[PDB]
Amino acid sequence: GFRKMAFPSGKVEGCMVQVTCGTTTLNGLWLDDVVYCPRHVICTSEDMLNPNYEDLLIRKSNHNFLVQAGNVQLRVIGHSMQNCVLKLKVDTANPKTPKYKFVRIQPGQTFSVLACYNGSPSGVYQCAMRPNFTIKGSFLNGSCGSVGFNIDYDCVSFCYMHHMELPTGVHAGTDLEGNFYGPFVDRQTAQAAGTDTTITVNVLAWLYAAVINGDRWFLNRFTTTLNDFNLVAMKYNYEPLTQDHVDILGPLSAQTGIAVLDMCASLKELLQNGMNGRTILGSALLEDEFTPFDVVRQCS
Amino acid sequence: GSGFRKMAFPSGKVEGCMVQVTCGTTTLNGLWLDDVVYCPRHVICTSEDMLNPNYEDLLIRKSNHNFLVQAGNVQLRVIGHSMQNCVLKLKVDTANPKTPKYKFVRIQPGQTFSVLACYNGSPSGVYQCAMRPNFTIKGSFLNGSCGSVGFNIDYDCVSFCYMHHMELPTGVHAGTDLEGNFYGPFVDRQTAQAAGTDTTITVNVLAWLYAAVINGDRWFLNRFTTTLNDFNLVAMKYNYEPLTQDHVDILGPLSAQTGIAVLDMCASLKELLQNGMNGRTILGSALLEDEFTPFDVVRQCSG
Ligand SMILES: *[C@H](O)[C@H](C[C@@H]1CCNC1=O)NC(=O)[C@H](CC(C)C)NC(=O)OC[C@@H]1CCC(=O)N1C[C@H]1C[C@@H]2CC[C@H]1C2
Ligand SMILES: *[C@H](O)[C@H](C[C@@H]1CCNC1=O)NC(=O)[C@H](CC(C)C)NC(=O)OC[C@@H]1CCC(=O)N1C[C@H]1C[C@@H]2CC[C@H]1C2
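As you go down the protein sequences, you meet chains A and B in turn. Per PDB author numbering, the first sequence starts with residue 2, numbered consecutively. Per PDB author numbering, the second sequence starts with residue 0, numbered consecutively.
Please keep in mind that the hints were generated in silico from the structure rather than gathered at the bench. Accuracy of the hints is not assured; some may be wrong.
What the hints assert, rightly or not - Computed footprint of chain B on chain A, listed as stretches where at least three residues anywhere in the stretch have a Cβ under 8 Å from a Cβ of chain B:
| no. | region |
| --- | --- |
| 1 | 105-118 |
| 2 | 123-131 |
| 3 | 138-146 |
From the three backbone atoms N, C-alpha and C, an ideal C-beta is built for every residue, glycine too.
Whole structure, please, built from the sequences with the hints as guidance.
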C-alpha cells in the first residue's frame, strides 16, 4: 500500500504551549527560552482590519502575555517581533527542545502539520506548499501557531506557522522568521490567492509509486520530449518539469525500469483522456502531494 | 478538495513506548507500558519455524536471557516471560517513565485508528487506517514493521487497538489486539491466507453524507424513510455492509446535529445505490468515502 504518512510528532508536541493576550488565545512554539507565535494575538476585533503592529506592540507589557505549558504558567520576561511572528522570552528553558532548524520551503515540497488548539496537539497530517503558496490544510478557530515541519535524523526542520484561512477554505501562514508564503497579509480581510497549478514532479512520483504497488493500467508504449510534455502540462495548469526534476526522479525510474519521459507520456495521456472511470492507488484524481523523496522514504 | 483528509492522532505518547525486541537475529518492535513489553510472539521463530510453528514448544525452549529488549541502544533486562494468544509479554525490571494513561480496546470493523509505523524500535511515520469489514487494514508496512501499533487518543488516554503481524498476498495487512487475538480469521504462520471479499463500510458512508449536509451539500436528501432491515437487505445487494444497532447509535450525534434521522439518511443512501449519482457530486466527488467514521467527521467539522 501507499498512503499519506506524516512524521512522528512527539518532538514537536513537547514544544507546544498556549499563548493568550486579552481575549485571544492561540498556540506558541517553545524552543529553549523563547516562545514563537503569530503576532496577531495582540489584535482586538477593532485592530484586526488594519493593525499597525509596531504601534500595537509597543503598548503591550510582558504581563499582558499569558503563556501556559500544560497546567504551568511561564513568565514572560521580554518580547520582540520579527516580521509576522512574536518572540516571547520566558524565564524557563524547555528541556524537551529538540535539535532543530528554521527553514523556508519551496512550492511543491511537503511537510507535516501538527494541528493544535489551546496549546494541546490534536492531529497530524501531511501537506504540500502549493505553487500559489497556500496550503490545503485542516485548521479551525484557535489553530493559529500550529506548525509544519520535517524530520531528518534527530533534527526537526520547522517550515510553517499557521495564521489564516482564505474564503476558498485553503490556508496561509509564515515561515518561522515570520515571512508569509505568498501574497497574504495578517489582517482580517478576505484574501484570494493566485491561480493554483498542479505539482507535476509529484504526480509523476506518485505514478511511480502506483507502478511499484502493481497499478500499471495507465502506462503506454510511447514517449515524449521534455518540451512537448511541458507544452501540454502548461495547457492543463500543471507546473513545468525541469531537468532537475527528471534527475530527482532517477531512482524511481531505475527502480521500475520506466524512463521519466516514458512516464511523462503516460501522464500526458491521462491529462488528455481522463481516467476513464478507473482509479490509481484508490484515487479518482491525480495526486500531487507526494514528493519523489516521500515515495522513496516510504517504499524503502 | 472535499475539505476532509485523513488525520492521525499526535504520536508522541506512543513514541515514548516503542522498543525493539530481538531473539537471535530477528528484531521487531515492542510496546513498553509500566513494567511489561508486548510484542508479536513470532519473534521467537526462526525462518524454518514460521510455516508451522509450535509456539508452546518454542516458548518452553526460551529463557529470559534469550530476549534482547532495547530502548534505543539501552538494554532493558527481562525478568519474566509469558504468552497470551499471539502476543508475548516480557516482564522487565524498569517501569517505563513515559507510560501514558492507557487501555487496551478491541475495535469493530469500520473504526479508524492511527498507526505509528516503526522499524528497530524507531518510529518512521504516522497515518490513519480503517479496519475493513474483512478484518484487514490497508497499511504501509515493510519488513521489520511487526509490533508497530494502532491507537486512538481520548483526552489523556491512549486506547491501543492494533499490533501488526503480517501481510496477506493481496498486499493488505493483518494483526491482533493487544491481548493477542487476531482480528479476523488469520493465524500467525507463514502460510498463504486469503482475506474475505471486502465490502463498503456503510456506517462511514452515512457519516460522509452527514458531513456533506453539514457543509450545505444536501441534494440527495429525500422525503422518505426505511426500516433498518429493508435497508440492510438492499445494502447487501450493492456489497455494502449491513448496519448494526451500534452503528445506528454512533450516528446519533450527527443525526442530532443535522436533524436528519438515521433511517431517513439510510433511505437517501438507498436511493443513491439504486439510482447512482447521475453526473452529480457530493463534497466534490462522484465517489462516496467510507474511511471517515462519525467521530472523524465531527472532529473535522466541529473540532
Ligand atoms: C487563528 O487561530 C485563525 C485561524 C483560522 C480560523 C479559521 N480557520 C483558520 O485557519 N486566524 C484568523 O482568525 C485570521 C486572523 C487575521 C489574519 C488577523 N483570520 C482568518 O483566518 O479569517 C478567516 C475568515 C474565514 C474565511 C475568511 O475569508 N475569513 C476572513 C474574514 C474577514 C472578512 C469578514 C469575515 C471573513 C471575511
Ligand atoms: C513482521 O515484521 C512482518 C511484517 C511483514 C513483512 C512484509 N510486510 C509486512 O507487513 N511479518 C512477517 O514476516 C510475517 C511472519 C509470519 C506471520 C510468521 N509474514 C509475512 O508477513 O509474510 C508476508 C509475505 C510477503 C507477502 C506474502 O504473501 N507473504 C506470505 C508468504 C507465505 C508463503 C511464502 C511466500 C508467501 C506465501
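Comparing the hints with the structure gives:
no.: 1; hint: 105-118; verdict: holds (count 3)
no.: 2; hint: 123-131; verdict: holds (count 4)
no.: 3; hint: 138-146; verdict: holds (count 4)
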